[PDB]
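Coming up is one lone chain in C-alpha cells, specifically the form solved without the ligand.
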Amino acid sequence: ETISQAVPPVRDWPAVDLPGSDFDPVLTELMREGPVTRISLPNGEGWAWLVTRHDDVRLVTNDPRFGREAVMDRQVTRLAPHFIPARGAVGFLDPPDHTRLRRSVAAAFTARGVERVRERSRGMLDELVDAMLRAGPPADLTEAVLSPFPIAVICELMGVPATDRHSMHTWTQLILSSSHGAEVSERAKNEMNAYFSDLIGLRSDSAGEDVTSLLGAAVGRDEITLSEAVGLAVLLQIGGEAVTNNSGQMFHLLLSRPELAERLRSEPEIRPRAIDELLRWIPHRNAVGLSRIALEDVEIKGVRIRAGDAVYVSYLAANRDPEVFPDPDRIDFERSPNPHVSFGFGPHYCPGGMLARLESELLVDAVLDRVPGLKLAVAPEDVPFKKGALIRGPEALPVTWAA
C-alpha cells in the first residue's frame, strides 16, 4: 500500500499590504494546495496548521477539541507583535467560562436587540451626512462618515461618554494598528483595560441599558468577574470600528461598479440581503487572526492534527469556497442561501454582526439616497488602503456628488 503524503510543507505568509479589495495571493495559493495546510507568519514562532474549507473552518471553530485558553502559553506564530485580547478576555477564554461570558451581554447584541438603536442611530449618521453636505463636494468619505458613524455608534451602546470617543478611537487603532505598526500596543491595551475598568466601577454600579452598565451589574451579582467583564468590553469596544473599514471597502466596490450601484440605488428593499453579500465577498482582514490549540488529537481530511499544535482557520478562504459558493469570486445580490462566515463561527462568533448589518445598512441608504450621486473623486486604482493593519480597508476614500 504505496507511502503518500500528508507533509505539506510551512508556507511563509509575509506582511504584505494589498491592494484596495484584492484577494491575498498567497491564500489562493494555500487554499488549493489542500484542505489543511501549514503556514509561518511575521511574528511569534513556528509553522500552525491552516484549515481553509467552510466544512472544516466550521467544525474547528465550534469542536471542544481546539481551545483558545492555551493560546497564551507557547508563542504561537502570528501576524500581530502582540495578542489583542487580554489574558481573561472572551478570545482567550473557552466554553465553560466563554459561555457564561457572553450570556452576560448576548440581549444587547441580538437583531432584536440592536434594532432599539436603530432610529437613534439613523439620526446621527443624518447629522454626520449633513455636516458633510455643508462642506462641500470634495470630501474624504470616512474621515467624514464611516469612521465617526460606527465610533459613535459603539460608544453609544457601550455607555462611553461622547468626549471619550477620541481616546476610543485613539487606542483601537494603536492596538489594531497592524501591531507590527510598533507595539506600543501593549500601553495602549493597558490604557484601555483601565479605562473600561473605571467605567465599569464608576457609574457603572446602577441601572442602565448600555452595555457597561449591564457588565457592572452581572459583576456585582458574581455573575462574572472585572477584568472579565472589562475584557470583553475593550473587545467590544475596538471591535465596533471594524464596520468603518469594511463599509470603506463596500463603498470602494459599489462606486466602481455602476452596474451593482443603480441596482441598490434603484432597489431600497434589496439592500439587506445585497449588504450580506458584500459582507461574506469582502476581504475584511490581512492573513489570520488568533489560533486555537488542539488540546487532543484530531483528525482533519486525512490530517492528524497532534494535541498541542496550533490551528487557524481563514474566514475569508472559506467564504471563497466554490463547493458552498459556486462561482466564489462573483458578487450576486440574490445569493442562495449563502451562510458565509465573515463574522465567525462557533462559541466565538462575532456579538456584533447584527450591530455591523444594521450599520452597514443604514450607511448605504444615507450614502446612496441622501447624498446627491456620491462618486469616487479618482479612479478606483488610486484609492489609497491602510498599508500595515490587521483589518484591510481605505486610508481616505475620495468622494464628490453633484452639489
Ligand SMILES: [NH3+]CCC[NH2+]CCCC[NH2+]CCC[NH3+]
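Residue numbers count along the first chain shown, from 1. Note that the rigid core is defined as the largest set of C-alphas that superpose within 1.5 Å between two forms. Compared with the form deposited with the ligand bound:
Core-superposed comparison between the two forms: among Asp205, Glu299, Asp130, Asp329, the single residue whose C-alpha moves by 2 Å or more is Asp205. For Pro161, the Cα coordinates differ by 2 angstroms or more between the two forms after the core has been superposed. Residue displacement note: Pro148 has its CA displaced by under 2 Å between the two forms (rigid core superposed). When the rigid core is held fixed, the Cα atom of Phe196 travels 2 angstroms or more between the two forms.
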Second form
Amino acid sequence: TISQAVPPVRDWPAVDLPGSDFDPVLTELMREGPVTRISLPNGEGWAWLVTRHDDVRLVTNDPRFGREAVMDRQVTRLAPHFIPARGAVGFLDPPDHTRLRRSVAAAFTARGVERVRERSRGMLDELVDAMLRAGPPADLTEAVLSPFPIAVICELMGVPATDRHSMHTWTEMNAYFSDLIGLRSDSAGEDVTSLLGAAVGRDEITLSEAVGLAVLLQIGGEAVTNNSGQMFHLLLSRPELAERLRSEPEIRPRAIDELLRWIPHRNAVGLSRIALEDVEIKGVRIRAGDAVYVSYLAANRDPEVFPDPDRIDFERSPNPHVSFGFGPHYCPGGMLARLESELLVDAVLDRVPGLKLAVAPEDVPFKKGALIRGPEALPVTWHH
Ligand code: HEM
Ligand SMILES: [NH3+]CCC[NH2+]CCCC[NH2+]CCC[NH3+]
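Mind giving me the form deposited with the ligand bound, seeing as the form solved without the ligand was just shown?
Below is the entire complex, every chain and molecule, led by the chain shown above.
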C-alpha cells in the first residue's frame, strides 16, 4: 500500500581516481539502497541505477530492457557523446543483435580461443625476449601490455600483420576489413574474419554490419592492456600477491578471475538500457521509457555474493563475477581476455628476474578523463 518515495537524484561528476582506488561516490550509492537515481556529466536528465548482484543480473538479462531505445534521446551519460549511433552491436536488440553475435560466437568461446593459445604464447615470448635484451628500465605497458593484445586479436581475426598502427592511432581499418570480409566471404575458415565473411555471404548479416563488429573486436584489446595493467600494478605494489602466484602457479587461473572481479575496470557506468514496459525492482516502479544503468563494479563487491568483497582472495570459492557483463550483451572477449591474462602472468612473473616497480606505487600514472581505467605507463625494473 504505502507509497515509497523515489530516491533523490545523485549527481556523479567526472573525477580522476588514483590507481585502482574505489569511487567514493559509487560507494555512497551502494550504501543508499538497491535502487538509486543518477545524473552524469553529459546527456540530459536522470537514470536509474542498480548496484546489487541480483538486480544487475536481472536488468542485463531481462528482455524487457532494450538498447535500441537509448538512441531515441539524450540519456544522461559519462561520455561526451554517443557517436556509435546505430549499427554498433552495443546499440542493437535481439533481432539484429543476435544475428551479429551469433556470426562470431564460436571463435570466442572457451574452446574457440584455445585455438590461438600456442601462437599467442610464442608471440608473448618474443615481446619479453626483446624487453629482456634491451635491459631493465622498461615501461611494461609499451613493451608488452599494449602490443600483446593486438598481436593476439590479429591471430584470432585471421589477419596477417601491420594493422597495429591504425589501432594505436585510434586513440582506414573500416575499409581494410570491408575488403577482407567482403572479398573472401564464403570460405569455411575458422578465424573471425572468415566467419563474418561467410555470414555476409549467407545474407545472415550485412557487409557494413560485419565491418563494424570487426573493428570493435580488433581494437577491444586495449581493454586487456588497461585491465592487465591494473593487474600488474597490484601484483607489484602488493608483493604477497605476486609471491603467491610464483609459489602456487596452479592457482593462477582462479587468481586471475579474482583480480578481474576486484579491479575497477571503468569510471562510473557505461551504456544504459531502456525499460520497454513497466518493471518492478525491489519495490521501485521503473516506468517504460526510463533509462536504467547497472554497475558491474558495484555488483562485484556485493557483500552477500562475495563475502569480504574488498579483499583479494585467490582462493575465493563461488566467484560469479560480472566483470565481462551479463545477459545478451556480455563481453565476447571475456574468454580471450582470460587467456591473454593467463599467458601474461606466466611470462611476466616467470621470466623477469627481480621484477618490481621502478617508481613508488602512487607515482604510476593512470589515465585521466577516461572511460576505461588503467595505467598510462607501468615503469618496471629488474636484474639484468
Ligand atoms: C579484461 C578485459 C575486458 C573487460 C573487463 C571487458 C568488459 C566488458 C563489459 C563490462 C562490457 C559491457 C556489457 C554490457 O553491455 O552490459 C563489454 C562489452 C563488449 N566487449 Fe569487452 N571487455 C574486455 C575485453 C574485450 C576484448 C579483448 C574485446 C574484443 C575481442 C571485447 C569486446 C567487447 C564487445 C564487442 C562488447 C559489446 C558486446 C555487445 O554489446 O553485444 N572486450 N566488455
Ligand atoms: N622506488 C623504486 C625504485 C627502485 N630502484 C631499484 C634499483 C634496483 C634494481 N634492481 C632490482 C632487483 C630487485 N632485487
